[PDB]
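Peer 1: One letter stands for each residue in the lines below.
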Amino acid sequence: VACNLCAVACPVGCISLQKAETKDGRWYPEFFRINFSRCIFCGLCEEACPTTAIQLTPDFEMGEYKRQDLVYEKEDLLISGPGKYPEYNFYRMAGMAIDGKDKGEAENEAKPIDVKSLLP
Amino acid sequence: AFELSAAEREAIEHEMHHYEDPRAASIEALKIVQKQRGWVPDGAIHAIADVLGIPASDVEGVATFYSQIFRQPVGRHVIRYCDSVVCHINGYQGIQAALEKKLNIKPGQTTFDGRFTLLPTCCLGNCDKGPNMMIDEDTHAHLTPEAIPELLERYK
Amino acid sequence: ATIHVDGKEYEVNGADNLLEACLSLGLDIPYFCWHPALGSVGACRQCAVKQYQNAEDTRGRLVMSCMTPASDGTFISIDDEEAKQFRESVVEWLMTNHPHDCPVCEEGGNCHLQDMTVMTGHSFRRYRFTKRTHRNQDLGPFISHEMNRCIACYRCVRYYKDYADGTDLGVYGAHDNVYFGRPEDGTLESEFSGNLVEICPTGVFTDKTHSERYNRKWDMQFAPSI
Amino acid sequence: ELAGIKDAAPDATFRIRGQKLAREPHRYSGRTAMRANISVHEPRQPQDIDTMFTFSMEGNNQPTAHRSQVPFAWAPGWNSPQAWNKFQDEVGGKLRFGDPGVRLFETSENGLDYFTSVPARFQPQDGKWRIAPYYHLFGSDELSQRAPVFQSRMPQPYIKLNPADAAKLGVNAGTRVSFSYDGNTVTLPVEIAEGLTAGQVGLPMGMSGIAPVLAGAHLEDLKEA
Amino acid sequence: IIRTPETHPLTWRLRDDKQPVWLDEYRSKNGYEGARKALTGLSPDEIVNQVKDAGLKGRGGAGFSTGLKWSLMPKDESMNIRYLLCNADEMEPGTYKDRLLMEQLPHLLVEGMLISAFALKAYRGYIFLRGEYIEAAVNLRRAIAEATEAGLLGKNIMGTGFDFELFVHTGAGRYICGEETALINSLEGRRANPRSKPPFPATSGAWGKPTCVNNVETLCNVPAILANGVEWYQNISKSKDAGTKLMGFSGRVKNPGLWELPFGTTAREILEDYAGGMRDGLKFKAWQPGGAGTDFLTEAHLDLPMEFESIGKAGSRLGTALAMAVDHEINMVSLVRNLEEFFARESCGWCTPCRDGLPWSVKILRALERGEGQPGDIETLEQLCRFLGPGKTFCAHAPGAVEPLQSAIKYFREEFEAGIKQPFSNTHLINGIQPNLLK
Ligand SMILES: NC(=O)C1=CN([C@@H]2O[C@H](COP(=O)(O)OP(=O)(O)OC[C@H]3O[C@@H](n4cnc5c(N)ncnc54)[C@H](O)[C@@H]3O)[C@@H](O)[C@H]2O)C=CC1
Ligand SMILES: Cc1cc2nc3c(=O)[nH]c(=O)nc-3n(C[C@H](O)[C@H](O)[C@H](O)COP(=O)(O)O)c2cc1C
Ligand code: SF4
Ligand code: SF4
Ligand code: SF4
Ligand code: SF4
Ligand code: SF4
Ligand code: FES
Ligand code: FES
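Chains as they are written, first to last, in our numbering: chain A, 1 to 120; chain B, 1 to 156; chain C, 1 to 226; chain D, 1 to 225; chain E, 1 to 439.
It should be emphasised that the hints constitute simulated quantities derived from the structure, not laboratory data.
Treat the hints with care, since some could be wrong.
[Said to hold, decoys possible] Under the rule of at most 27 Å between Cα atoms (straight-line distance), these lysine-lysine pairs were calculated in the DSS-like manner:
1. C:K84 - D:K168
2. E:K209 - C:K161
3. A:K116 - B:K35
[Unchecked claim] Among the chain B residues that face chain C by a calculated CB cut under 8 Å, a handful are:
4. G61
5. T64
6. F65
7. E137
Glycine included, each C-beta is placed from N, C-alpha and C at the ideal position.
Model the full structure from these sequences, guided by the hints.
Peer 2: Below you can see the structure in the form of structure tokens.
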């Protein structure tokens, strides 16, 4: 959701991202880049993610010929599935309305009562 | 849109004569509009605000603060059953169940013909003669569930 | 004037209240509804401190520091256990209806409600029931509206009406269903409506121009300009 | 006459216990990745020889620091706009060591003479239209009206007409009339202004095509297009 | 019950057919004689001091001295604009005294407001009446018209040069409007949020002017004092509270009603000798002395004189002195759930503890009703009782809201603990994350 918690929790400062929004109101990263020539693979970004989006995976084979190609962008990081956390969805928790989830449709959320309602 | 009639406007000005601040007549202005039209529509807020000389946010806040000023359309008759503690002891719940069974509606909504709107209400000040109900201007006491269809048929 | 906060003597102005006097001395008291430019109304009930009748008093009573004057010879305690529990309880009551919205909220890292939640020491939720929801309005191209995040601190209506003399923003409803905003969707008509983004301690009124290309406060490069 | 601008802010050699003034917060993020799309080699930190500030977090932003220029308000435990409480000597008052900026001139010991040039009354002359300025908080300022977020907030361009003047011109509200100023016949829609005095047309100053130099000037051949 | 003017100053004029008493019948039964005495032979300060040493306390439910409240109006002569407000709201569940007072004796209230406005030098008076007392509003307007026709109201009353205009402000149905500062705000046409005191309404009340707010029963007690003298009033009863209070007993009793009794009358005297005891098949379980806002008391407290001090030291409040009886058939948790639902929906929303903690108590009691309670719920209820006490909220709505909850926990804890069945659970399991099993 491009909340920038992983970028500030990084002690190296090797996460850069910008928040974009869809027409239905869903936050997402416009870009997401990680300098893997700088990353110490400490997992503080995964520890700081409130949506469990960023995840350190059991894979070490990452050697590169040029240092410029160690800057992974969003096309090199975004995978086709949920990874190590298979069921968590942040937008079900959140009270912000996005596509397919209106006000009062989140978990532990009541339906919105208008102030013009006849009930006391 | 909305237009205030001559009688409503005249009554509102006569109410404004009774106070040293015209803002004090907002509750009675909303009551006048509700008495004439059954409820307070959205244009009535701006008409009352223009008449009294106060902002429409103040009028809307007043109309939404009080529970007896209706900002949604209601039925022709407003049933208000008391659900307070003394009427809870005297058995308001059987009366409420009879009202649901006869009207086929939950509290807070209107029947299919727009005849009745059922509403829970605060203590009606008639606790020694409970349980109590209040249709539009008439209060009924000593309620029994067998008397609810007899009471509701006399309001057309 | 002379006050004694937790056994420490301070010289203050007797024409000020205890909240502004203690904040001027660097002492930390949580507060929502009081603003330096608006005054004290005693709404959020958050600024509670324990006041004693004299030096040789142990019982005391919980009073609002924003509503209590900083008169001479005034004995108060901020770090008292009962006052701390009451302030944490106020934050806990505000946290019952608050949406799980901090990552997708433009006030994150700039939020006064977050600061006062952390300062009171409240991080455990024993509330297991539902949270109330509100629909948003369209306030124009500058102010974004998100009424789920409101804590009913009444700062917006106080500033917009009693300070800025605006007419198109108010408070509606009653009990816990209090709604803050315009009677209908439309642009906020005041010329000083953008100060709501800093008057609001939560993320209800936010900068839409900043929300288009958003980044958090720690990620900014600031300069003092004119 | 501009000798006071030296004391508006201290010079570039000003330090707080030896270090400069931080522009960005201490928790500034993405230093090794915000420019990695261009070059993986991190560039040199920009140098600020003009001011006492630095283009990095390597500086001072303490609320008790002896300065008057505060780039942003942050105290530990106060990440909100309420950190200005920590940055003030008393809350809602002045800054801890004085507000920045100085007055260029003091109040003079002697006053001025009375302006005996009293103007005559406005006489509405036929065939000429006096231009009354209308100012907009969204549109009159040039740089502000260049902003794309103002374009929805800018009013649509107009010409204000008195009801008597509009009746004389035979135009209702909304219809488009043309008027020529320095050989530029520009057409605008009519808005009826009851409070505007007769013999005047109202124009939105600072807009696109309507300069603020037009205020107080006259108009010719105003007629319905 | 034999009703004499000396023993029953308020209800001795009541008709047997429950019909209202209009101007001719009221004046035949010694009406407006106290008003005549006060307006002709007495100074306003003399009447204020007379009411002050009569011991007339406020019958609205707080028991403040009415004469002391009258004396706190400023002595400044630039403030010649003054307001007298009659709190005819009566929105407390279990309170029906002012409905009886205004539906059948509106001229008593009119005379009392006339005397009190002469005493307070109040040029205007407003009867803030609720919107559901239609008959009381009709009778009050008719009595005001009758008194205006006979010269008891309007300009130059009784040739004394005193002008008093009395209006009837019909409410729009909120329980917070009975609070006197919220009453002032609702009279001003605003949202009925209360105001912080000091300043009190005596110094700056309605529209910033001096303003005195008094209940219907206090202003009904006033003309008896001004007609029969102070010495008659002090020797009505040998108790610390002077005069007669309208005390009743309601809720599944044989004769629910309302009777004018001297102070110090025991509650068992009201429940048995006047209400006829409980109905057949019902055993007495608890009672509330003065309405919904007061604490529950047990059958051991029935032998207690109904005074402010005696019920105060027993862990409750005298209140409106209209007791309500709870029998064994009614569950205590259901009753407290109903009370808290009323108190939470009648919150004005101004201040955080009531507005955001009364719904929490409502949800907890709803869970305890259907047996969905969890450990820590009763501890949470006790914490809400402690933290919603006097001085912790902006007004006294929430102390009255948490009085029945704390008393029912104190006396009927076995019913509350019977609703706790499931273990506590606030979280759900998230796959891939090990929970922190706190101890
Ligand atoms: N329908 C009813 O009759 C209801 C009655 N109540 C009762 O209302 C009471 C709570 O009401 P409050 O207004 O909070 O009571 P309170 O004790 O704060 O004040 C009551 C009266 O005393 C006056 N007063 C008190 N202290 C004063 C001072 N220091 N200086 C000047 N005037 C002073 C106030 O102006 C007011 O007229 C409770 O006893 C409750 O039982 C509550 C709900 C409904
Ligand atoms: C929440 C709340 C509601 C109240 N409602 C009423 C009411 O409906 N009628 C009334 O006379 N007093 C009510 N009071 C008490 C008033 O504050 C005040 O005591 C009364 O208007 C006048 O006081 P008196 O008894 O000395 O005449 C209420 C108090 C509170 C806190
Ligand atoms: S694992 Fe790498 S990217 Fe993540 S916080 Fe640590 S150094 Fe930064
Ligand atoms: S990866 Fe997680 S922590 Fe980082 S910006 Fe996205 S949602 Fe926030
Ligand atoms: S307003 Fe504050 S507490 Fe609420 S979601 Fe936004 S950042 Fe979080
Ligand atoms: S919208 Fe913001 S400023 Fe207004 S009451 Fe709610 S939290 Fe306070
Ligand atoms: S306790 Fe607070 S929110 Fe509740 S009614 Fe009183 S002022 Fe309003
Ligand atoms: S409790 Fe129902 S009328 Fe009072
Ligand atoms: S800051 Fe004092 S109660 Fe809000």
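Peer 1: Do the numbers back the hint for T64 of chain B, that is, is its least Cβ distance to chain C under 8 Å?
Peer 2: 4 Å, holds
Peer 1: So if I understand the rule, the pair passes when the alpha-carbon distance is 27 Å or less; does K116 of chain A with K35 of chain B pass?
Peer 2: 17 Å, holds
Peer 1: Would you check the hint for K84 of chain C and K168 of chain D, treating anything up to 27 Å between C-alpha atoms as holding?
Peer 2: 74 Å, violated
Peer 1: Does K161 of chain C lie within 27 Å of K209 of chain E when you go C-alpha to C-alpha?
Peer 2: The given pair, whose Cα atoms are some 23 Å apart, holds under the 27 Å limit.
Peer 1: Is the interface hint for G61 of chain B satisfied, with its Cβ closer than 8 Å to some Cβ of chain C?
Peer 2: Status holds, d = 5 Å.
Peer 1: For the hint on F65 of chain B, does the least C-beta distance to chain C fall short of 8 Å?
Peer 2: Nearest chain C Cβ about 5 Å off; hint holds.
Peer 1: Could you check if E137 of chain B really has its C-beta closer than 8 Å to a C-beta on chain C?
Peer 2: This interface hint is violated because 24 Å lies over the 8 Å limit.
Going through the hint list in order, the structure does not satisfy hints 1, 7.
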